[PDB]
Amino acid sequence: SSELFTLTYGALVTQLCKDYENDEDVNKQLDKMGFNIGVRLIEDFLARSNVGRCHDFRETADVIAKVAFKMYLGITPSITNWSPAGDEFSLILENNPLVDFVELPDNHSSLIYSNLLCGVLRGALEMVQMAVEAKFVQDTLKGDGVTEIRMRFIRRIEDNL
């Protein structure tokens, strides 16, 4: 099982904390890595699903929460907190999906433990021509009641220039 992935992710985070000595730099590297991963993962996801285009950001949200999360992490976040415009939504998860534990005392206040998921989400959606911002606004590992990834549609990526 992918106790493997969480253990591997955890070792990566730990290693980055050793290398950087700045949690914001760990966060950026994680995001950067996630993006790189998401770009490749969307290819895998589209081939493994027979998921077509999403004619909306609501439809995009359903795929991400119901199909994509289920495929890769074996879970299904709920979609909450729609903006009236329909351009932002939250993904709610019961726990931090990439990470079980946190060492005490907390010497990594700024660290966004699963920020890789946010890179992943943004890279993947870039490849289906949606500029997005994904960010954790709640995390159980920060003592919040749930983990919340807020997704925000920025723009459709122009064909050509």
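Residue numbers count along the first chain shown, from 1. What we label the rigid core is the largest C-alpha set whose atoms superpose within 1.5 Å from one form to the other. Compared with the form deposited in another entry:
- For the listed set 33, 102, 128, 39, the sole C-alpha moving 2 Å or more between the two forms on a rigid core superposition is that of 102.
- Remark: with the core as the superposition reference, the CA shift of residue 63 between the two forms stays below 2 Å.
- Shown in the overlay between the two forms, fitted on the rigid core, is a CA shift at residue 92 smaller than 2 Å.
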Given for the second form:
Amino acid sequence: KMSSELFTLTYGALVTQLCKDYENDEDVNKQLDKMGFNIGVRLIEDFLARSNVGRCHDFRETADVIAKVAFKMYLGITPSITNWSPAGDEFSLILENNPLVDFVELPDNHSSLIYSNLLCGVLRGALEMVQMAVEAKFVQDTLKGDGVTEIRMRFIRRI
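Could the form deposited in another entry be given as well, to go with the form deposited in one PDB entry?
A single chain, with no partners or molecules, comes next.
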């Protein structure tokens, strides 16, 4: 196990490089999400090998495992699961900080950048590989002056 500061600074270098390569926040958002997807498709293999979940396609069990096991294992934090839809097909992950944003305050010119957008791709890619089509999106971000960071996750369909 390792503390996170070298990880967060390395992620910072990646965002910096993408900003150099695209000079447009929406393009950066997109590339972070695509990279995250590729990471998630690989990361799920590590996770399933190390965990006790096996084969399952239950959305609530999935929320619990993501929040209480995967976030802890890979980011050192445990977000809360809140704000369930009536159908039980949508939930939020609530993070007290932004785990990738220790000490990285945004320029006012970059209001549209979703700095930690990689994480949405990772969630979507990982779950695709266990036959669950989901959408993950930031709806709050402490970097933008919100009181929490919130990732909203929606179950679309079984694959």
